[PDB]
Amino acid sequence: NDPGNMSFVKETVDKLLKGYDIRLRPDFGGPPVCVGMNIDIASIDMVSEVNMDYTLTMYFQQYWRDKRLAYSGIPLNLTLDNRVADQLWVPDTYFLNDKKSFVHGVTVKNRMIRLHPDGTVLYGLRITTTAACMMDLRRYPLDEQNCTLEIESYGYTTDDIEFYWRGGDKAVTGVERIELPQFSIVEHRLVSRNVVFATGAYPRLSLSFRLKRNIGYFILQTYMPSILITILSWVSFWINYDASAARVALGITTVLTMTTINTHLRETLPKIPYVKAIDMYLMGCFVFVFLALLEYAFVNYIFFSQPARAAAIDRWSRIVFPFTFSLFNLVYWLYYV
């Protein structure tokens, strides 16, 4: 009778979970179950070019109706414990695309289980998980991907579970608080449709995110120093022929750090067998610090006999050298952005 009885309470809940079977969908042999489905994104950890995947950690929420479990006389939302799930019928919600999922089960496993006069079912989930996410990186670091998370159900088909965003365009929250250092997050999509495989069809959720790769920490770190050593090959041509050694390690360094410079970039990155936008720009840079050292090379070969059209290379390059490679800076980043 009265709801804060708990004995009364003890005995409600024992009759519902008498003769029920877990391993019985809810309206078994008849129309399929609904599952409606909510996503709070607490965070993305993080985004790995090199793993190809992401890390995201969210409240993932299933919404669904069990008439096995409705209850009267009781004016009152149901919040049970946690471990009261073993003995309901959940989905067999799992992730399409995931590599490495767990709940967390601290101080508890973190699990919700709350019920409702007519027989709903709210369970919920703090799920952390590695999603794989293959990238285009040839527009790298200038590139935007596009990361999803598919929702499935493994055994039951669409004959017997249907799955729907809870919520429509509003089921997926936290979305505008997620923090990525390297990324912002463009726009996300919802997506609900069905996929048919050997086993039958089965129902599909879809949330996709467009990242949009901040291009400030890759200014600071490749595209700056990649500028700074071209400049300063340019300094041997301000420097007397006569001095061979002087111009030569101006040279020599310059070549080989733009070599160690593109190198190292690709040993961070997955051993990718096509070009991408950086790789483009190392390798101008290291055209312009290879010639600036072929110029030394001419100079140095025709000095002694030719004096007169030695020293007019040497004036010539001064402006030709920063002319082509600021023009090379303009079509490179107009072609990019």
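Numbering follows the first chain given and starts at 1. First, how it differs from the form deposited in another entry.
Seen as two rigid parts moving between these two forms, the chain keeps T12 and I178 on one side of the split.
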Contents of the next structure:
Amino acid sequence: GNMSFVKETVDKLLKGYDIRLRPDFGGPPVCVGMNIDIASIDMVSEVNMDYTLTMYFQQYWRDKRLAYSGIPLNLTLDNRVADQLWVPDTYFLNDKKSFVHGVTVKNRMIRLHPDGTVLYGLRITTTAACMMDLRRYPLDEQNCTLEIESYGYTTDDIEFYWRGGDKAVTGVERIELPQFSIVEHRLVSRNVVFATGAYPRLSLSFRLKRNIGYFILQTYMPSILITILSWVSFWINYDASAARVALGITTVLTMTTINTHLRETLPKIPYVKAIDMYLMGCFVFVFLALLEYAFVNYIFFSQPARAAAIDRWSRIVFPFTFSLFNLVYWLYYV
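If the one shown is the form deposited in one PDB entry, what is the structure of the form deposited in another entry?
Shown next is a single chain and nothing more.
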């Protein structure tokens, strides 16, 4: 009620405070409990092999130098006072670019409790690196992790734990990913040994399953239809050389344009993927159809009966071979 008394108490708390020394310096490690409230997952980039994530990151510890008595309330202080306290050197092991939002003020919260407990919250947009195995793309399932670690203090100076157990991370169910669906999320706590000692480590893992409907409608169906159109030339009479030659070579041209424009639209991932295998299979099928017609045209004059036999065998074989190829592809990648 008396603002002067509160100011006196806060000044007494910050008088003689040393920000260069951790709580219980030279004593037991200070336990820091962390919770994450995930606001959104902005994007998942395969080209950059990373993902953007916005979250409310809250740390909870206890500095007895900040214990105050006579005020039966929790002091929610201005965020600028965070520049005058000790805060954990928490960082994100696999991030590439992170920042704290600073509009209208720096998105930061300091709340002190009578027993010296400090709650310290930030709003962070971090671009965390996520190595992806795109061999089964676009039927792939990825696993992206956020790693949280102390930078300077070892496990003899600091310890990390998830505050609230498995309920430490919230907001996962509200994440809207246009292309993925979050199958599961896991929380792990452990210690990692490096040349400078043992460091606490927290891990938050998401498992994402890609949605395939867009690719099915826009990447496979045109190729299937072009392959069927390539088959069409089998029923065309072989006397009309121009018609069948034009049909085959134009199907080849359409397949090439489809492949090039899909490769332009699809992310630039320099190795073999499932969709690339399917496109190569379709291209090989149309190439074989054109080559078969060329052979039929060449051997037609010598023996037209054998030409007709080869034509009907192609009619009965090419759809069957393509059905087998599709069955193998959709059973190997599913």
